[PDB]
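Just one chain follows, in the form deposited without the partner chain, and it is written as structure tokens.
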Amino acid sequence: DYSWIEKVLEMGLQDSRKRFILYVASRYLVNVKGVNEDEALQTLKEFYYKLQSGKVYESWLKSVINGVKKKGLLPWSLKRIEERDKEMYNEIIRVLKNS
């Protein structure tokens, strides 16, 4: 399971990038895959700039990674994402689907 997260991380998203990082990818990387802060940071930043419009702060990314690690937060399921964030859900699915 969770394969879909790796795929999204590889391909990138659009308007939902920051929320995907906060609610899903950071928590997966840290709390499920158990990678360390430096790897999480690079992985998250590399994902973010798959678009080339926009900017993200390292200080934001480091804070997210630390916060999710401290609280042990779990990535939102596809089900919850459908329920709460259809914008992100469509961006995720469209990546999974066009593959």
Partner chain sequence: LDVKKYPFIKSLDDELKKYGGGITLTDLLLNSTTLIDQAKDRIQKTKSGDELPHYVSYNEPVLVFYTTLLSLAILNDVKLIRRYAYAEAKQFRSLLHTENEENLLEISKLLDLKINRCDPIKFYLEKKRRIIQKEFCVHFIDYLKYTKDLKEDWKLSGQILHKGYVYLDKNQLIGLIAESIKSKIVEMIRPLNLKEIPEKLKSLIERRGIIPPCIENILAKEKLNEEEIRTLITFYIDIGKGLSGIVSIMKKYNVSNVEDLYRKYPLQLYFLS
Contents of the next structure:
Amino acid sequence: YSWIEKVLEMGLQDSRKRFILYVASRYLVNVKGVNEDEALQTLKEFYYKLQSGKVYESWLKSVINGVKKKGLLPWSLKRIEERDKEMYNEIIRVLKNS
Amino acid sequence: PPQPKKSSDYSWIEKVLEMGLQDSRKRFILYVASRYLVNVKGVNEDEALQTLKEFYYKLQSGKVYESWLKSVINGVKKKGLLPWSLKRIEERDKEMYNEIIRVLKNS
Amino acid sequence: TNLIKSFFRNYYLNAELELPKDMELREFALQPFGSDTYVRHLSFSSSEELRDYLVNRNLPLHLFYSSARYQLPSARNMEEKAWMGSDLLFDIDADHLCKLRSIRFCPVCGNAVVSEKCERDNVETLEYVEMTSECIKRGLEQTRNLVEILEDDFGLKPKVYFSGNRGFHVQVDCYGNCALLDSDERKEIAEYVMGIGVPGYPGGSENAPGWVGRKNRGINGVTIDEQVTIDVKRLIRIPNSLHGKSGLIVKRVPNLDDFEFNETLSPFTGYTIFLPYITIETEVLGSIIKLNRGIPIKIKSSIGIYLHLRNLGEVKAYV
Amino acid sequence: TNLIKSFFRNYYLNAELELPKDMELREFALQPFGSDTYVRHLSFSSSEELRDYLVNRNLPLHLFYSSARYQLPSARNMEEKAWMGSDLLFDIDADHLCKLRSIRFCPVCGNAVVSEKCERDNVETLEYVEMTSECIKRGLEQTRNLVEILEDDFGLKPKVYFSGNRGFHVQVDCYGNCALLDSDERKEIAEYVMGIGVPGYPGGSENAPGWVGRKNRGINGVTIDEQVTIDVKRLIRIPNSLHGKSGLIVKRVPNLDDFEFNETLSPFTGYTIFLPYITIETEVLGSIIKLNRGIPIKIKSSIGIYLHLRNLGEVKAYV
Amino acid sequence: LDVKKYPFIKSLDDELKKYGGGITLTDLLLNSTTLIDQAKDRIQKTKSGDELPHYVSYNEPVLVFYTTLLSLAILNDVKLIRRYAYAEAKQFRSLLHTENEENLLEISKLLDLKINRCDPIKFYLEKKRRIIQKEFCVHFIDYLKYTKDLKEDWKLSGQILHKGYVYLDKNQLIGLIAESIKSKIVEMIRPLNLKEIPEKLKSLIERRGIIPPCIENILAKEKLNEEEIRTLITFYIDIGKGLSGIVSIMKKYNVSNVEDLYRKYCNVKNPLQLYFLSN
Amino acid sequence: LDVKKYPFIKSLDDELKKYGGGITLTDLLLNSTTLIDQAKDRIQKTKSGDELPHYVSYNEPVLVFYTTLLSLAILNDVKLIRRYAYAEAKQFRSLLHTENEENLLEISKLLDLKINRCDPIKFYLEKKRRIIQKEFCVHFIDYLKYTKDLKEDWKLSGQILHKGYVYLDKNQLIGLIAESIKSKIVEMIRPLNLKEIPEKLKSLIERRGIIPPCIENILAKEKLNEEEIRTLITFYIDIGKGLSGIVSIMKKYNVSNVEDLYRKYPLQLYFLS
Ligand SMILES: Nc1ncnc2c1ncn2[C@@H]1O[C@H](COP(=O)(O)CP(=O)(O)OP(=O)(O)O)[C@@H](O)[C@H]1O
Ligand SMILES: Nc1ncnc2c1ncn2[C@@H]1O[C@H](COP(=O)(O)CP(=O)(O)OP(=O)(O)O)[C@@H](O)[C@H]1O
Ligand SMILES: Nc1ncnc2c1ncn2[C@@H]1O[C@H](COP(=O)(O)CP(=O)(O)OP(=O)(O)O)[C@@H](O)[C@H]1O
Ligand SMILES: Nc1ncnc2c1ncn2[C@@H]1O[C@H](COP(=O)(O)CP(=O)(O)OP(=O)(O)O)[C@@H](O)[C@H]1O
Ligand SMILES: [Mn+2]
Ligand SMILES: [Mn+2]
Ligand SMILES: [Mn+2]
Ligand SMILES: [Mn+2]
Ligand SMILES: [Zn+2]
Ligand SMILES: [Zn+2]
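Starting from the form deposited without the partner chain, produce the coordinates for the form solved in complex with the partner chain.
Expanding to the full complex; the earlier chain stays at the top.
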């Protein structure tokens, strides 16, 4: 899970929410197992790396609660590539360019 | 008599693609831009998808599916469809026409 | 139904709907006239934008806004919409309560018909159910207890509305973690109000807190429609809109003892010439009215539009 | 009050249908009770939105969603709908296969009658077709061959479903360019499965690839309904919905050897008092049953609802 | 892989870089006398059903190829353009039956044919009398695409599919390449109805003459008369000019008569002898 | 509030500062032989259903707990983590039933339980035969959260809600703390699948051996043969290594055989009884 922490630490642009919804939130809660409020503040900290845009705390809590209750697992880079190619290409280039 | 021509001036399509539209973005993709990018300019099948998606998200209010654009490209490729004339656009859809003319006036 | 449209269109020209403050976060939806499919995923930022859409583009037979708040109310995918909390809803239907008079019939020959079609005229049968004011009374008792539970046990501040037809809607604006409650957590609240797993407290005091006093005040569980309360996302019928089955106003009930079920709930003035399907004597908006089959009759617009949308006949002209 | 209706409405209160992930891109459709014409152009974004419609607005005798994905599933203009791909479908009907016992009769006098009406009673004649489990066996052999072709020749991962009545549905979820296949390209796949232009490989080995080994394993073409596979815009009967001709569940068959055709396919508990139309001995859900004309009989709900929707009689009450 | 045999590998722009820059094909076609004459020879050979010389029998094969496409585009005859791409692919077929495996797979890679070498497949038929081997495989979705316009010999039910891949021998790999080329040529002629053509280069490829005095009697008065218009247009239909680009040539005149003339559709017959030269 | 009784109060970093700095638990676990063995004692006791000793019966109470979490994380058996967190919370129950109010409120405040003392509530049932008193109250939104995974006795309709707050007695405050702990333990095991672990410390906790001679004939030629490859991987499957990290040790080789060996899905010097 090194890439999730690497993508979380640097940031993204286009698929930040699809990454928060299907990867970042599920990882911070159901693999790293952080505090419920620590994930929310981190996901806000992660989202505001491109800094242009806004995301609601109420939505992030909603995503955190939903993956917590359903034990959802972050998408594999294999699933990310087959199903959502726009999201994949944004992640792979942030990994190549560092 | 000999074989009559038709037209050859499609410069306005490139201008509308480069600037963007507002209300009739899909009717433009279906009846003009796709048929032009593939069956007149003859660009790559996948490059037209990348261009048509870039064109649609200029006003950004709305969404268009990658799967629909591939479907339209395949359909105009298989049937050799040619983009609409500015006159035919004018008879059938004045809402679309006036939106295009404003992009033409704005240069 | 061409004339019914004009009535509704005229009401919405001047009516002022009660709309939430975060209007731009709600999905609006409506059933237009003559169409079994809803128009939804609409979003408006002002009561004036909404007024233009209803009057010029799509007149609503039923008008709603979402109990949920979304980042993108107009997105068609649910996860694109980005749910960020929803209000707590209750719906009290006087179905279970009163058990009313019902008539299935053919609008052409006017006969009682058990089947869904009529043999002669080859028309599907319509059903008319008589909505009495004792029915609305029993419904009003249920919501009275419901407001008691929500205020005294939960500490919430509910709003009561006449549903526009057969009961009342109770809505609690909550914006903190109350808005993020599970359907599972909402089913816990729903079953508390219904008294499902509430033990009888056999020899307690009426002044005891929660369900202890309440069970000893003779009150038991509230007859609500639980799926309305359980569903995290729901369509709220907009207050002051018209209910397309009656023509009545979805009206705020500020005092649960002053509510009378009569023509004042309808906003339609004048008279209409009304053509009944059957010879019937029924109670209509708390006033008994006698109609004769195929015999045109001059009655108030409120009563005529109501009887129209209840399948008893057709409004033929306005006076 | 239709009694079958209450059964169906009760099942849909708690049943969890298998719905695709991109639910909002499908056109939903249903045949209501007492109306021979479908309601279509429906769209829903969540299983809860759909459940409310089925239980409160329009109860389905038959329920479908489109194999195709649309940008505007509810648009009536086909270019507004914006077709953007469809799943690959196969439907194996025991029509061509077995040819069953059928009886046309008058439900009033109980006599075998060839004509469409009965002279005496002036009532239309009903037809009952006996669905044996030997028929389902033959059908099950066909889909076994089809899954073999799709897995070994095409490399696909098909899903098998009991159609709810007389056969099986095979559906391949495909998300890439497989979904964009022409109706013409689908007819090529359809004819490959049916073995239409497949040459006989007269002296080959059973371990040869594709239709070479298959033809020498004795297997020939699969009897599918080609129009189901060719139509790019087909309606899929929803898995876990109720088939309005039997009351059975459209059920996933996760292992094509564990499938038994019996009452367990129906979700209805309790008992029903059933009134037969004729004295008949037939096979019903794998159990031979003796019915006597006009003699009420207490049987399980599953068998009663089944025999009702198959025109053998009427369910009169539920216990 | 010999460009002299397969001209469609190189783009027309990549060949015009041999001549400095900015110089397009329109320039080289006026300098060179041989190009236009060789392009007509192929068209005339396909008009009578005769074989087409391989492009190795040309000193500049790439240029002869495109000016054969550009000449066909100007005639704007689809029923002949079809005949040419047919005949031209037959010529390219024979050249493929002389090419090694390593070259055949590279051409298909340039025609966007997703065919590769795979684990071969052997099986016996009719009690081991017949043997059948296949060492090339394409995915069935691509195969259905590549055989869109092909006869029953390629129908999917007559093929050998395993785990999603159709298996072919070399003769089938060639027959698919031959069909991919019959398509690449028709696809390469559409983007030649794009640019305007210096209408002498147009009339050079068309092998035309001039326009007589009586027509240039008109491009001067800018008001003309009455019968000076009925014949000015009934001539213009015989050149082959379109309905749109005609009204733009004579501006500041009546458009009410533009309608009634669409319904029509020194020297003796002044313009028609000096234009349609039998050469 | 006794840290010796409730180890999960203090963080792991605050404990590693008693021993200089930079030294993480992975370091300290190699010196001590008793710690890993004591963690083995608990796990074996939860596998057999016996009580767990309170953490005051250990010389280094904080360390024994984390190395019991770290051992459970390495074994990676979720159905066992369930039994343990159950048993471990059962053990912590008894310690709660001996604690004073201010300490009970302190533990709950450290577990993010918003439970407080308030104005008590008394009421009589069955004509004053039974008496019922409650002096702790939680907001109903928090109460529904804390009872997400609990039996019917905790269902909201069986409680006493007044003005938004659910009222509990001391025994109920304890039952919530005990369930809050059964959750913190599962949540404290997840962040132990983070960093890599010196694979001897792993094989010590796993009670393994070494890698035999027959295997190290391969870590040299970097090209091997045919049967030298069919067996090189079928060994690596028996350790329990993932599908990803297998191809990374033997670089510059065929991936066509990576498939044919996943389809499979000297050995005595590893599975020591
Ligand atoms: N919450 C969500 N879950 C899943 N997909 C979402 C989503 N929000 C948006 N999308 C997807 O993103 C596209 C349109 O939304 P966007 O404007 O791109 C938001 P995004 O890419 O998720 O994050 P952004 O805020 O960094 O732009 C569509 O392809 C849509 O499917
Ligand atoms: N895919 C499509 N192709 C052609 N016409 C379409 C279309 N989708 C909608 N229309 C037509 O266009 C009008 C408005 O439809 P919309 O949902 O607004 C798509 P649009 O205006 O073409 O593009 P846009 O809203 O994405 O910018 C209607 O008259 C409708 O019939
Ligand atoms: N067609 C529809 N689709 C979705 N939700 C609807 C709906 N009609 C009503 N609702 C909502 O569903 C809830 C309960 O509705 P119902 O009991 O089915 C009818 P109603 O609007 O309450 O009037 P009535 O019960 O007095 O006839 C309310 O929140 C209402 O706004
Ligand atoms: N009225 C209808 N219109 C369109 N498609 C329908 C349909 N009824 C069923 N379908 C679908 O079309 C295929 C064949 O339908 P039918 O054979 O006519 C009914 P069915 O659901 O297959 O049950 P049955 O064949 O056992 O009676 C199936 O994939 C089914 O889902
Ligand atoms: Mn984005
Ligand atoms: Mn538009
Ligand atoms: Mn209601
Ligand atoms: Mn069928
Ligand atoms: Zn009638
Ligand atoms: Zn009869």
